[PDB]
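Presented below, as structure tokens, is a lone chain in the form deposited in one PDB entry.
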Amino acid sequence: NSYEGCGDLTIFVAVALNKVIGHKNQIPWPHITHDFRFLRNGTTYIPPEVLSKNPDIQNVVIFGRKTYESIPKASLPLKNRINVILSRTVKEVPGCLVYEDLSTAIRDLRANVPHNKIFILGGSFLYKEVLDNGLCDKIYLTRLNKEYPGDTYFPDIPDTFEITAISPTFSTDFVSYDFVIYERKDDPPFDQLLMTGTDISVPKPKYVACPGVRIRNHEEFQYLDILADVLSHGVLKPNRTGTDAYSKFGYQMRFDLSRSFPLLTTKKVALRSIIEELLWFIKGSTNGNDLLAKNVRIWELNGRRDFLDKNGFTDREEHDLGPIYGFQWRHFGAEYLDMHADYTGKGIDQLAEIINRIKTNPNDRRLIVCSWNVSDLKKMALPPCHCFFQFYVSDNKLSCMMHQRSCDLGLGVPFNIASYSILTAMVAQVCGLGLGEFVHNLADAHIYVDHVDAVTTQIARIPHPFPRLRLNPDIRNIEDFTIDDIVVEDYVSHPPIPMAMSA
């Protein structure tokens, strides 16, 4: 074979959403220093055992002539690595080995040039040859969630590869991105099992999210693992709605809001409705028509005549939802009359108070907005699912924890995660703080029985990098945010998954 002995080459590459890798012999996007540190660390690692036996050993990096010309001259040859250039027009390049083709080079290297591992650093001529001929067994790929103008493209990865590793999602001010590993498709010590004190042979879980992904550092795996856990181990229970659900109690997810915006990528999520709902909460509204007028229908069934009449609200106007979330956030303790009454100056404006306290006393440990107003529960169309939330400041960063008493994992939860993430970013901005973490506590977490097929489909889908959130920096008071001031960039998702509401 022409390529006898030239296999197990490892690719590093960074690829835009449209598959572009190069533009006018340069990188098509603004410099991502993080990504270069990742290439460098990836391509210069020698296992400790190998380095102790041959302390001067290095890895090899191979690239095409044009890619060599695309690297700043002061950085060449790439440090701590044997640089190999392929060319049929140039014979000699300072500090590098030069070969006329790949097969010659790999063979020469492995027989005559002691080294550790060989890496392929492009361009497309090389990537294409390496992929077209089965020579690569692993690909380290940086995924960028944006299209870029370009003239040089990464070839399609064959379906013989699968993603086995995904990093957390990162972002610059111009793109969101992550790091993945692709590999070709083709146990714990006994004391671990013994010292659980339980059965040493446990039936493994019936459902596992993305079972081919071994390194699972994308934050969305927290959610997918929860879906799989409830399906695997949840108890089927009746509930208020009349559609039964699989249920399990107590989870805690966290999302680093400085790095990405946690809008699920495993289905297309309706962001516009999330933003409109949040703005409605912030303005204190209990009038469901304010959402219908904006083509947001998420609260419609809970304001309808037949639901109201079914739950004792026979004197309530349609879509008068009672003293729910927004009324509690802005008017806790005020006497609810109807959705048309004037509550200016009535009750306690918790949102205003807490935002002011974050500014004036950030180390306070009572930065809480509470919607569980025990005195008003009976008056609400539905008691709040997201009950309570608390802020925290350290090192000039704002975090938020939220208690969700009841968590419809298929429908509500994805909205709830995005909602509090926006709110936290809004509060951080108006308080001049950076972003910490959103911590989401799930109490009764459940999957309605009519969503099982949808969730089964969803947990097999490989997450894309999360998008990023940009708020208009001119907005200085939380009441002034409008939907045009809240922008999610670089959202790449799998298709929407229809999921029917029980009620």
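By rigid core we mean the largest C-alpha set that fits within 1.5 Å across both forms. Positions refer to the first chain, counted from 1. First, how it differs from the form deposited in another entry.
- Lining up the core between these two forms shows that one residue from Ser394, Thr160, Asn239, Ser232 moves its Cα 2 Å or more, and that residue is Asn239.
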Contents of the next structure:
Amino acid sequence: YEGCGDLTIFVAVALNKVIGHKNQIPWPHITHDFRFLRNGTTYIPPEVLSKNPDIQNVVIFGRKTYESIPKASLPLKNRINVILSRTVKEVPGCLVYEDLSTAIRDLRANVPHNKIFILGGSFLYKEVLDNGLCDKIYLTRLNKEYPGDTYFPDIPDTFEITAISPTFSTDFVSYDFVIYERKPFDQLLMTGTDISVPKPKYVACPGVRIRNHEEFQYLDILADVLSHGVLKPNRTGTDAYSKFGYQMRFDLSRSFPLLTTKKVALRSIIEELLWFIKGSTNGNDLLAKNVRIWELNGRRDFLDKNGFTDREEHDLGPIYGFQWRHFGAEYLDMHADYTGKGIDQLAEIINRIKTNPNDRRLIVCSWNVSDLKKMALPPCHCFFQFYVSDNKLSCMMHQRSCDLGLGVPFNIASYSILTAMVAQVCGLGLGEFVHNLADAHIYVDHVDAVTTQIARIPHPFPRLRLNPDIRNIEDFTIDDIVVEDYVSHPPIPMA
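Requested next: the structure of the form deposited in another entry (the form deposited in one PDB entry having been shown above).
So it's only the chain below, everything else dropped.
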């Protein structure tokens, strides 16, 4: 295989590694992937094009893949098409070779071209990888298994992912684009400070250089806090490393930001959010769903410790649910009837959005200063604001205190669901969830867990499908809130 190196693969691959089914693409057409491939395989570096505007890229197929592309526009526009086979003679306007070894040498010695791309057949992928002729793989990752009979071979441990696109979705699949690859001083000087700054002790996925997956926002914050956070002790309790002031954003029209670097407990997230929506302050309602994230905060021991000796177990006081639905009402206990008492911020914001989406006062505030002394924990996600433009709903949330290990992944998914529900009930499209972190911290007993997590390569985000028949926010149940195509690394226990 002398002179046959530096071959570049383009391929789209289902979760079970299937690439073909009965000589056809196993999934419905993804126009975005057609365009991606077209763009990747037609690019000529300007300085090459400027000395001969004729120069073109080579695109190589196995026989069956050629016969699989519609017999109409088979010669792919603006590219040299090459097909390989030990049986077929010659193809209309396409170079035909017996084997790959000979194909590459003939093109590289005789035919003026820029770059060679390997575009399909498991047979052709196999030879290329098995011998080491590929330096680069552009791979479209699909988060769903499909029936098929043709598969992409395993990628040798000699490759690593160096690039991940943002996550995208169609009505039927979520997906992204990745690149696998084998294996200026003024910018430093003009910080005005130390030119030889020690490398941060922690870096998320240090092999990935083009980092466009939205999950890197969260992983980078994890690495930042471990690297630079100040230790905040607490007597009676677990210490944490802390750093202040971050902003993340998630495009909710593209995908649903359920973290993939660990298996996140979606069911608990949804049940907690439905409980907020109903205005509940009764921790038993969550326990009945075997959701235990609020349990420790409702216990006899914890309540007494905080002065609420007269308060029934799992009566959490005037927390989120109460503020969302009854801001300003006098809190009694979790059993009281608050109908028509206080301000229903959630109802009012939905009505306001419908009535005047340009209102600059679309806010729900859970920071009820007068009520703080009746909660054992002050609200954490304490203020959010909606915004409408081009008929798309966005949301910005202020998180006072951010448990990065356990809490923040819940908040990201929770507010994303809430934004989608509100958009649906108000007849709006989806914009962005913008997440402001104030005190962002990592508990010291989570250090090892998050060190493990930041090394893991994000999978494409899943996508959210709400039941389209739900007209009112109070009508959503867990069965109406469906996350599709969630692919995650294993769960990481955190106390």
